[PDB]
Each structure stands twice: as C-alpha cells, then as structure tokens.
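Work the whole structure out from these sequences, hints included.
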Amino acid sequence: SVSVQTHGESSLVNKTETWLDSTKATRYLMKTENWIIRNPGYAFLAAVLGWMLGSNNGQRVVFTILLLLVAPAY
Amino acid sequence: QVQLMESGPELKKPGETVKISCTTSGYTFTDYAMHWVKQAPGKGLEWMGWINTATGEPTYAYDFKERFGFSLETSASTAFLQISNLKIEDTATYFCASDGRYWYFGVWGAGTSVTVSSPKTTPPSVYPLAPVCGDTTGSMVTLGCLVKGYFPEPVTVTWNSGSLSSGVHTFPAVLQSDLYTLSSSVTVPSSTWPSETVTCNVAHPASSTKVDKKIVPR
Amino acid sequence: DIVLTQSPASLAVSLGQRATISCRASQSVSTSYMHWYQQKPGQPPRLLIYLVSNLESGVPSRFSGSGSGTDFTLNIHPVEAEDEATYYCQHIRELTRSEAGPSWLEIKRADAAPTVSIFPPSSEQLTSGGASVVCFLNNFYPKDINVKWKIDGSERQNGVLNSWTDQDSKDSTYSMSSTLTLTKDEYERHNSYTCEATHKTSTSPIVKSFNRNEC
Amino acid sequence: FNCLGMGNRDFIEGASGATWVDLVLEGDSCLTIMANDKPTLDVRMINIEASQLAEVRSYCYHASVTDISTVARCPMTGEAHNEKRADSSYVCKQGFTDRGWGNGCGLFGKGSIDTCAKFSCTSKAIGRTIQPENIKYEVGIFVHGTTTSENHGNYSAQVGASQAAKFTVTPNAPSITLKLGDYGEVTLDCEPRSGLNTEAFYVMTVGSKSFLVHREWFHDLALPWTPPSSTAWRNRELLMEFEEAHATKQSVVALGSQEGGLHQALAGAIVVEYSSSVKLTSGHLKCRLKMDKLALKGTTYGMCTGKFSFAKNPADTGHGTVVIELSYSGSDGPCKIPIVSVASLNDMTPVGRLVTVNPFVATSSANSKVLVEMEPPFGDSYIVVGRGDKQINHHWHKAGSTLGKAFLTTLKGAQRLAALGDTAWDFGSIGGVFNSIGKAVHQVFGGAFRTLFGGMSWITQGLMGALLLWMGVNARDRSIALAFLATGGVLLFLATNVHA
Amino acid sequence: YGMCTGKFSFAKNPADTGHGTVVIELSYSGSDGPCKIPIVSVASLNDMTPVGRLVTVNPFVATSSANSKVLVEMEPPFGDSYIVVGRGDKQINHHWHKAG
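Protein chains in written order, with the entry's author numbering: chain B, 1 to 74; chain R, 1 to 218; chain Q, 1 to 215; chain A, 1 to 500; chain E, 301 to 400.
Calculated from the structure, these hints are not laboratory results. Incorrect hints may appear among the rest.
A few chain A residues facing chain R, derived, Cβ under 7 Å [stated by the list, open to error]: (1) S51; (2) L53; (3) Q131; (4) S276.
Just so you know, even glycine gets a beta-carbon here, dropped at the ideal spot from N, CA and C.
See below:
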C-alpha cells in the first residue's frame, strides 16, 4: 500500500532538502515507542525472555533490544 | 531561435496521397516530439497526435489512425505528416509543435492548409457592378466587383491599382462546384463616381489572370 | 472522457473592462492543468496561461485566471484591441487531450446599421447565361443580422450566397455580402429584386430594391 | 553560474603538468580551479534539463463508486452473473447472501450474488520515463577577471567581457568548446548520458507537482494503475470495498484520495519543477576541462600609482577565503592592482594567495569598483592593498588551522566517497596507478557488496552494523578483520552521514 | 578512398544491439563523395588511438549526392568509450558505455 514501502531513501546524488527528511527519524521509533507504551505489560515479560536462555550475559540484551523492536507492527 | 515551418498550401484531389512536411529549427530535432493538430473546416482544432521522435514512433489519436502517418528525417530536422486516401472532408489547416510533453509546447508550427477538391484551374469572372438609384445612400455611391468561379486561391482584388482602399471590403470566397466566388465593394462618395475612375483590379496569379474592370453608370 | 465548453462563446466588451470567462471541466479534479489559447481566424493560437497562474514568454501580463478541479477562469482586466481573437483552452491529466467550444472577444462600440447596396448582375454575366444579384451590407454592428431576398415580393432562398467578414480592424464593425444567383432566363422572368436586411439597430428591415424595368 | 555566494563552494589546487582535467560537478556545488598561467575558474551546474519524456503509465489514487448493482440468486445455483461483467468500466465481484424463506429464496444458509459497480477515477497520478539523449545539462562556467558586486553575479555582463559562458551538453554533443576572449579558449568534454542513470528511475507526477521515483519501485507500487493509451486499468478494486449482503443490498464504498499516501510514499524524492523543460536540482556530470588555450595576458601591466578605497567591507566566504571589493580612485588605469596577503606589516613577504589572480583595473575611469578575492593563511594575517603610503590595510584571522582542516579534507573526503559511488575517485583527477586502481578496487566493490544488500533504509543497515561490530569481538587470530570487513566504514559511515 | 572532407550528421540516434555492439546511421551532407567515411571508437577524446573495432569494415559513401544516409556498425570496448565520426573540427561525437 501507499502507507508503507516509501520511496525513502533515494540515496542517488541528492544533497538537498527532500520531501520528508527530518520526519524520517520519527518513522519507526516514535510509532514503536507508542506501541510499547500502548502495551507496557508486554514490555515487562518481553525483556524477561532475554535473561532466560544462553547464560552468556551481554548478548542476552541483544535478544531483548532486538526482540522488543520486533513486536511493534510485527 | 525556435521556429516551426511547414509545407505551404497544398492542392489535392480525393483518392491521392500526401506527405505534409514540418521543418524545425533552433533545437536538436530528435529531442522534441511533434504534436500534430488538425483544424476542422468549422475552425475546430482537432488534435491528430504526437510522434515520439527518437525512436521515430508515431502516436495516433484513434480517429486519425491508419489513413494518416507520422514520419521523420533526423539530419535536416524535418518532421513529416503522411496521409493516404485523401478525402474532401480533410480540407483543413494542419499544424506541428515542439514537444514540452504534458505541458504541450511553447512554439506553434507555421501551418499547412490542405485543399482536397476536384476542380479545373480557372480564371475568375470579374464583373463591374453598376449601382442603381437605391444603391446611393448618404452622399456616397457604393461600387462593387464580383469575383466568380476562380481556382485556386488566392486572388488579389484592388481598386485603381490599390490607390483607394478607403471603403474597400474584400469578402471571403466559399466553394461552388469546387470554385471560389467572392465580391469586393469600394465605398466612395457620390461626387467621385462616375466622375473619377474606379476600377477593381483582380490579380489571380494562380491562373495568371490580372483583370481590370471599371464600373459604368446606367 | 472529459467534456469542455467555454462561455460566453461571444463577448462584446469595450477595451479596458475586465472579462472573466466562466468555464468548466467535466471529468473532475484536473488539479490545475488548464490552459488558454488566443487564435485569430486563419492563424495558430498562442498559449496564454499555463499552471493557471503563469504566462508564457510572449504573452503580456494582462492575462490571468484561476481555478481547480472542474471550473477554471480566464480573467483579463485590461482587455485590448490586440486581445481580439477566439479564445481556446485545453486540458491535461487524463487522455485523450481535448479542447472546449471556444469563446470570442469582441470590442464593444455603438450599434451600427448596415449600408445595404443590391447590385443587378453585370451585362457580362447575363451574356454568360447566369445572373448573380449581389447585396452588400457594410459597417454594421453587432454581428447579428439577416438577409432575405424578395423577388416580386416573394422570398427566395435558392441561389443565396452569403459572404460576411469578421469584426473589422479599423472600425471594428461587421461587413456582409449576400449573392442571389439565377439564370438569365430566370432573371428576365422575374422583375422586382430586393434584399431586406433586418438588424438589431433598425426595428424594420432595410429594403433596397430595383426592378429590371426600372433603369 | 559562478561560485559567488553559493551554498557549497569547493576549490581545485592546480598541480599543472597537464592542460586537461576530469572533474565532477553538481547543481548546488561550484568548483573553483586555480592553476599557474590559468586564471581562477568557476564550474558548476545550473540544473539538469531533459527535452523529451515518454509516458510510461499512470496511477489512479482517488476513485469514486458509481452505479452499485447486485444481482441476487438462490443457493445451489453456483456462480452469480451480472450483465455488467461485459464492460470493463464496471467493477464486478462474486459473493453470497445468506438466505431464509423470508428473503427471496426457499432454502437456507447459503446464497450467491454478483456485485458490480461502475468505476470512476476522480484523480490519477502519471509517471514518465527518461530517455538518455533527451537529457540536457546547463553548466555555468566562469573565469575571474576584473569584477564588481554587480557584473560578477551577472551573466550577460561577463559575457560582454567573455568571462562567463553557458552551454548544453547532450549525448549527441558531449564536447563543447567555448572562448573566454582575452584569456583564451577552454574545451569542456562532458559525459551527459553517464552523469546520471537515465533508466534507473522515473518521473512521477503527484497532483500538479512531479517527483522522482525509482522505476523498479514505480511498478511495485500497490494502487490502481493505468496503461499509456486510454481505458482498461488493473487492480482498481483496491480503492473500493464491500460489506455484508442483506437481501440485494450491498454497498461498494470507495477509498478516499490517496494523494496524501502518495506524498507519504515519497520520502527521499527530489522536488522537481518544470515549464517547457524539466530542471533538476542536484546535478551529477563528468566533464573534462581543457585549459590549453586558456592563458594569462596582461602581466605586462605594472602597479597602480594611486589611492584605493573599499567599495564593500571585507568578510569571510565561509569556505576558507576572504573576498573584498575595491573602488580605485586613481586615473592611471588600466593598471595591475597592487595587493597581497601578509603575516605582519613589518614583513612584506606575501603569504596568502589571491583567489582571483592578477587583479586589474578595467578602464581609466576613476572610482571604478573592482572585486578581488584572496585566500589568507591560518592565524593572524593582513590584507594589504597597494604599495608605499598609498596602501590601506586590514587585519584578518582565520581559526581553521590545518589540524581541523586535515579532517575537513579527511571526513568530507569519506563523505565525497559516499553517495558518489564509483565516481567518487574523479576527485583523483589527472590520475592513474593509485587513483585508477582506487576506483577499480571500489568499482567491483561498488558493483557488489554495498549494492548487493543496498536498499537498506537508515537504521536498518545502521543498527545491524552495531551487531556486526560484535562479529569483530568474537573471532580468531587472522580471522579478526574477516567478520570486521564491511562493518567499519561504508556501513556505519553513511548511517552517521545522514542523521537525519 | 581517402577520408571525407565534410560535415556528418546522424540519420538515426545510436543505440545498443544487445549483442555487444553499437550501430549508427549517418547522413553525410558533404558532396566530396565517394569517399571513405572517417570514424573510430576511442577511449577518451584526448586520446585519438582507436580502441573499439568497426563491425562494418571500411565505411564508404555510395555516391556524391549530399545528405546520403549510411548505416555503419562498430563494436566499442568495455567501459566508457566514445563514438567519433570524422577528423578535425568536422567531427561530431557521442559517449558510450558498456557494462558487459
């Protein structure tokens, strides 16, 4: 549809003010943050799954911070 | 400078073929498509189509298809409009254009007037027209010159070698048996006729006839 | 798919007065994509307004207009004698690209009555076998006019050839030439020939008559 | 056309050794060439022009429902057929209506209906395909002579002095030779059809304005579209919907105008205007500047013998140079304008270099304004105009010292490497060996790798790079950089390049 | 047959045959014919050394009639090349690139 699969980004030459540039940073995060605020109860058990498996410490967060970004808009 | 010249007025007969040329200047030829626009006898402008020039591709308007064609010559910057099986209804003026795509064009072609008829080249019948008593109104005697049955156009109708243009109205001519009939009327005061010579000079270089007729009183 | 029509088809207005053309496009929301062409008879037009807000190169700043979707306008506040022409307009978005039934500018002046002169056929034409009775109507305004050929008090519509010019360059009036074509034998079997010209100026038709027995 | 007051002004340091140079330029950026025997040049793009554009297809974003027709039938009858399926203008769809004995039928639980609605497009977008030969490039070129605040920003004025020129390079005529008059002639050999990629994208018109879109994404747009000629469209059922079926009543409803969704579908698209020829903002073109005939004349001219004045006060161009305008009141002209850039007043040795070489007075007329630019060194310097008691000076200081400037070349150099693709090494001009293989190594690296997974948008390639940086943590000896190869650079850089 | 002494023109614009070669059609306006048509395929303009080979060997003008169209094909090398028709000022060139 027209809602998703935007032209961005051209990335050919293009040093200029495009149609939407400064709003491109607000595409995902804010809409995904509005999703995780929409569903806080998920966010509590979300990061729990990272500490469950692998016992490798620092890469357990690699699960969470990536997986917490999966659930919004699938 | 961008100026589009075309083949001039063309004399045709039904059943023949013609290729209407459009010569362009001021730009590289293959870089602009040629918009072809027909002007109907009722002065309607009927758009014929545009030819992709690169690539040499004609794009017809559906009404104009299969009896018309768009052909090109790149080097001399001459666009061609080909027409097969000429018809009398096609008598009209044709135009070309230098393509600015969906905003059309900035320059109009010079125009091509095609005449499809079946006449014989004929000198006009030039008649000095004597005004009657009821034709003299308000100190002026109106005089007139009938130009009848000439082919082809144009005819140059002047009065006393064009010396008096004052009340001269040269009227258009229409088709009678594929011949043209017009009339021209000079308006001069009553003191100037028949005291001064008034002679309508009809120059028809197409038939090579320059006719001089002076109106005489009754 | 889209139908275009331009109104008023003929507008008589003096120079300097604003002329706003009421105009429309049938297939709707053209965005702007509407133009204006001025064409004198026997010439190619000239593009007046593109983008609906913007002139071409050669067209002077007196031309303007606005609109979107269906309706569009051509607004010339200082109309001029150079503006005299047949106004055209044409559309984009969908295809095929087509125009509208055009509109004429006419410079307004005082209503003028025609000068009617009906000439009997020349002696040269009679010897040729035909007779063409011509009727010249000169310097009449506006263009609304009618000619009626009354032969012996009876109107004949056969052999009537009406040649009239457009709005003049000098006095900006109209001139008409009517022609009644007959055979010499049919010419000599009918006596009274007159062309009555009715016009908005003269409440009665202007009657110029001659008989073959008269002079 | 010139580099005066442009947003991006970059320079060229002449090493001489050749009269020809291969440089890439842009619409916004203006290149400035400074060489021996060759005056100071301005090279920039005005815009990108295209002559003839073919119509690829169109898209109807806004539609309306007309003439809803639903032919009801009984269960077990199988398919329902409405007579409107003959015309393609009517949008027909199968379906069913659950039937009782109360409504229209003698059976229960099932049904069949054919719902047809005439399609009416309120608004439609149109795309355009670019032909390579039709592409034109208007390249403003300028050489710095005696100038004012008027003529220097003026084109036709410097054409009278033959110091500025315009021209159109096309694939049909990529080479153009233009004369600078008193300073000689220059030959410019460009590459119009390889400057951009003509077939890489289309030009899409949304509403009144037109915009650029990738042509592979152009066909992948999900929305009712249109063939070039006239009538029969595809996927026009997407702007309309259906509902439950109660007896014969079902309402086909049309989606609203998708123009906003099209503007939402546009993100990195460049706004492009047009009149009779489309003018593109950001240029990419590869040209060859041949300076062979360009030379210096009137070095025969000696110094000016009389007082100077400031027509305008000095300032910083922000690009690293200082420009001044001088009104010379002396009548001894034409004369070479004395001027320098010095460290201290007690030291007459020139240090800073003149941006505009050989300042010269046009005519003997007094109070004639002259605009000459110079590049002072870093630190405290002085602008000294004239010799002897005739001189009026000015103090200048520039904090851009080569420490930070080395990064301004480095960091922007990698920025010059990014977004320019393989043409980024054309700043390696009069190249070969290094510069040749430097592009060649990046050639196949530009034809593979970054372009293979290319299409990543902002944090998509940026976030995984931080996870690919973890690939450099877990590795083995001699295998360290193997997982680290594409991680550092070419990936996180462009992510840091565009923030925002 | 020595070289042709006069201006050239493109009867049709250049394109790629898709088989690895580039064909052009040239309308020669010079009246000095019959003459061998000057033409080459070069790497850069500053380098006059021919690199690409002519598919149609020995291009030739049929008759002295001006504006006579001639269709000659050549095979340019890989990368950025140039189609140069003629010698001296008389030449009109074109840029070609082949990614194969």
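task: Hints the structure violates: just list their numbers, smallest first.
output: Of the numbered hints given earlier, the structure breaks none, since each of them holds.
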